[PDB]
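I would like the entire structure built from these sequences, with the hints used as guidance.
Residue strings, one per chain:
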Amino acid sequence: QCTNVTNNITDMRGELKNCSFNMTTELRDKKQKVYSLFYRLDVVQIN
Amino acid sequence: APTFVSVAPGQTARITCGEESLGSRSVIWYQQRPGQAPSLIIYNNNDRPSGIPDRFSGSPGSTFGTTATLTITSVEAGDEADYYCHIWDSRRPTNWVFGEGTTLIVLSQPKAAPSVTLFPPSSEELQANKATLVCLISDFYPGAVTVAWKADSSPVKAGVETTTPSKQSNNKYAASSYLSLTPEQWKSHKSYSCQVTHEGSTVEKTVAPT
Amino acid sequence: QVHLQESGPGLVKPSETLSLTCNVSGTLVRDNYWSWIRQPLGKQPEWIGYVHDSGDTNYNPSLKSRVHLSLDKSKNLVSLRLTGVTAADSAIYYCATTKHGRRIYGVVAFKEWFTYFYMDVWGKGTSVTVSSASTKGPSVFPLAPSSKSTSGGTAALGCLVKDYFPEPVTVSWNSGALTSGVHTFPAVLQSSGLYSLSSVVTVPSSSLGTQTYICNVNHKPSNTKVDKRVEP
Amino acid sequence: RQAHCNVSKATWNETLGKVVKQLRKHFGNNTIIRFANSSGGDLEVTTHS
Ligand SMILES: *[C@@H]1O[C@H](CO)[C@@H](O[C@@H]2O[C@H](CO)[C@@H](O[C@@H]3O[C@H](CO[C@H]4O[C@H](CO[C@H]5O[C@H](CO)[C@@H](O)[C@H](O)[C@@H]5O[C@H]5O[C@H](CO)[C@@H](O)[C@H](O)[C@@H]5O)[C@@H](O)[C@H](O[C@H]5O[C@H](CO)[C@@H](O)[C@H](O)[C@@H]5O[C@H]5O[C@H](CO)[C@@H](O)[C@H](O)[C@@H]5O)[C@@H]4O)[C@@H](O)[C@H](O)[C@@H]3O)[C@H](O)[C@H]2NC(C)=O)[C@H](O)[C@H]1NC(C)=O
Ligand SMILES: *[C@@H]1O[C@H](CO)[C@@H](O[C@@H]2O[C@H](CO)[C@@H](O[C@@H]3O[C@H](CO[C@H]4O[C@H](CO)[C@@H](O)[C@H](O[C@H]5O[C@H](CO)[C@@H](O)[C@H](O)[C@@H]5O)[C@@H]4O)[C@@H](O)[C@H](O[C@H]4O[C@H](CO)[C@@H](O)[C@H](O)[C@@H]4O[C@H]4O[C@H](CO)[C@@H](O)[C@H](O)[C@@H]4O)[C@@H]3O)[C@H](O)[C@H]2NC(C)=O)[C@H](O)[C@H]1NC(C)=O
Ligand SMILES: *[C@@H]1O[C@H](CO)[C@@H](O[C@@H]2O[C@H](CO)[C@@H](O[C@@H]3O[C@H](CO)[C@@H](O)[C@H](O)[C@@H]3O)[C@H](O)[C@H]2NC(C)=O)[C@H](O)[C@H]1NC(C)=O
Ligand SMILES: *[C@@H]1O[C@H](CO)[C@@H](O[C@@H]2O[C@H](CO)[C@@H](O)[C@H](O)[C@H]2NC(C)=O)[C@H](O)[C@H]1NC(C)=O
Ligand SMILES: *[C@@H]1O[C@H](CO)[C@@H](O)[C@H](O)[C@H]1NC(C)=O
Ligand SMILES: *[C@@H]1O[C@H](CO)[C@@H](O)[C@H](O)[C@H]1NC(C)=O
Ligand SMILES: *[C@@H]1O[C@H](CO)[C@@H](O)[C@H](O)[C@H]1NC(C)=O
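Chains as they are written, first to last, in the working numbering: chain R, 1 to 47; chain C, 1001 to 1210; chain E, 2001 to 2232; chain Y, 3001 to 3049.
No false leads were slipped in.
Under the rule of at most 20 Å between Cα atoms (straight-line distance), these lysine to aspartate or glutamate pairs were calculated in the EDC-like manner:
id	chain 1	residue 1	chain 2	residue 2
1	E	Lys2075	E	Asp2053
2	E	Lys2111	R	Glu15
3	E	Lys2136	C	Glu1125
These are computed hints drawn from the structure, not numbers from a lab.
What follows is the structure, encoded as structure tokens:
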């Protein structure tokens, strides 16, 4: 679930995204919601 | 909304305005004297326009993670005013509303404690189904307002309106606080009160029906 | 020297087209940039968009649909137009010349620079308030002082004006004879748009028993004159 | 900011002039020798990966 990185759009058409995902952790039953950054070329849209 | 900063005459001032810097900034500072129009002090951070003294200095916009800062050293009496900052952040969109200004005030004489006088709503007002408490605050300096209405144990947040403090040809300022209630509410609680704090010193006076 | 004059009606009914005018002297209206800045009472200013020749004009995104701007070289003036005003538009509208700037943090080949604006010379402005309230006669109420309140004497005393519009109101005591210990705190503009003013007087606790304490309220727009006697 | 590569134009113009001179030996002294852009392919082939 990505949100475009903080930028002033003058076109800046940033490829960078800011995506939070439900990631696993050290324990099997537990999970965690962590975020990251990914360029436009690494991610595709899922309808 | 307003933020006050006390500075002794002839000493350095510290002014905070704006969010944390996410990109390279171009900060603008403005001077709004009481009643007058906002006048420009600093444009493009430390760089200033013609006719401005060097005591005003702006923090550089090259660093990231900090807030803008207008530094005034050895403040003269004329420098006291309201100061707004206009943020031009590369990461942030265009800002059309200035930041919350900082109210610089030279002490210009010793601190005075507020004189408070609380009056119950008029008996004539009960006939018109209107009840109003009046909390008068005067002979206080500086012009810092702290409204606190406590009906017995618990307070009432809504129904209160207060005006801006203004001096009346004296060091003191003029603060008047009001409260609109119903006749059945004045006889509901056992006693009301309006507390007034000033620079960390709270003064409380109560009132009870008859 | 640059002489900028801000002219406007100053009082406009709700849902009405507000129009102002900024007189300009010392320089042509077309050569320099122009901007409008309104400011609510007790709050921070607000950029209401700028205007310049060659189609250089941008608006505030919050009121972009309602705001308008225009210029004319012949008369050397700046005009502001706003349709459908409400009570939130009550502000002091300033008119100031603006200068642009170029701050570069990148290569500039890929638009890694941005333009910042700053207003150098301002004007007095005009105080514009939007309200539908008509002229209302003041209602006087007298606060009642406590009796023999303490060994310290000098009990208090005062009046109470309520629901009056518009300003100003002149408040005296005993038809000007009482001029000592007179407080007339500034009017508290209510949320409903009707001003309210109080006035208190410190009197001796001994003379509190029997004396003439009458506050007289005069209001010019309604030709109202009300006196009231205060006693414990 | 964007990732960018900066190459001096005097040197690139000078070297490019060395490559174009040699190429004429195979195709003739006076012929049009133009240089163009990538004509297609994946992101690998199209750019200087
Ligand atoms: C690949 O290539 C690209 C492209 O070549 C490279 O991109 C470059 O990357 C750099 C960093 O990676 C960037 O550096 C940053 O530069 C900026 C800008 O520096 C310039 O602009 C400054 C402001 O200029 C204005 O004010 C002047 C008066 O003070 C005035 O004379 C001037 O005309 C400008 O005014 C203009 O705007 C006014 C309105 O605002 C208007 O009224 C005016 O009429 C006018 O239109 C300017 O100060 C800078 O000049 C400094 O540096 C010059 C170097 O030639 C000096 O000659 C000059 O005296 C200044 O000195 C400063 O630096 C000196 C040491 O060098 C120091 O001694 C002195 O005290 C000063 O500090 C420049 O003109 C800067 O603000 C940032 O800090 C960065 O340094 C580049 O912008 C960017 N792009 C380019 C084209 O270079 C990329 O890096 C390459 N990558 C690789 C991997 O190779
Ligand atoms: C990519 O996406 C991720 C999310 O997936 C983004 O990560 C988020 O980034 C934002 C900031 O951009 C973070 O907000 C900040 O959170 C700080 C931590 O708050 C928590 O802990 C503090 C105590 O340590 C508690 O007080 C907080 O409790 C409160 O907040 C929650 C909501 O979060 C409310 O529900 C509660 O009622 C409380 O109010 C949290 O538990 C927080 O400290 C920080 O606050 C600063 O900024 C706010 C802005 O309104 C100010 O009001 C506040 O006073 C702080 O002000 C800072 O700046 C001023 C100068 O202007 C300084 O003077 C101050 O000292 C201070 O530095 C803010 O709320 C968010 O938490 C974070 N979330 C996650 C999951 O990571 C990435 O940023 C995003 N990145 C990109 C590139 O896009
Ligand atoms: C990270 O994982 C958590 C769960 O561990 C996600 O929270 C859940 O989000 C879903 C939607 O994707 C919520 O579903 C809701 O279901 C109701 C019907 O039951 C529907 O009406 C709503 O419209 C919605 O679809 C769910 O309630 C919610 N919370 C849980 C399961 O506790 C979270 O969204 C994940 N974050 C990501 C993937 O970024
Ligand atoms: C790439 O960057 C290097 C430096 O990292 C540049 O080398 C400089 O070249 C100039 C003369 O052109 C010298 O005056 C400098 O002293 C050199 N730098 C150092 C650290 O020695 C090089 O020219 C740059 N080339 C391009 C194409 O951008
Ligand atoms: C943001 O980009 C827009 C593009 O129109 C530009 O007009 C504006 O001045 C920029 N502002 C900032 C603060 O970068
Ligand atoms: C530089 O390139 C131009 C064509 O872009 C070419 O005409 C010119 O001759 C080149 N410079 C030299 C020294 O050959
Ligand atoms: C240049 O072209 C001429 C005429 O075609 C030819 O005679 C000669 O060998 C060529 N020289 C080179 C260096 O290619």
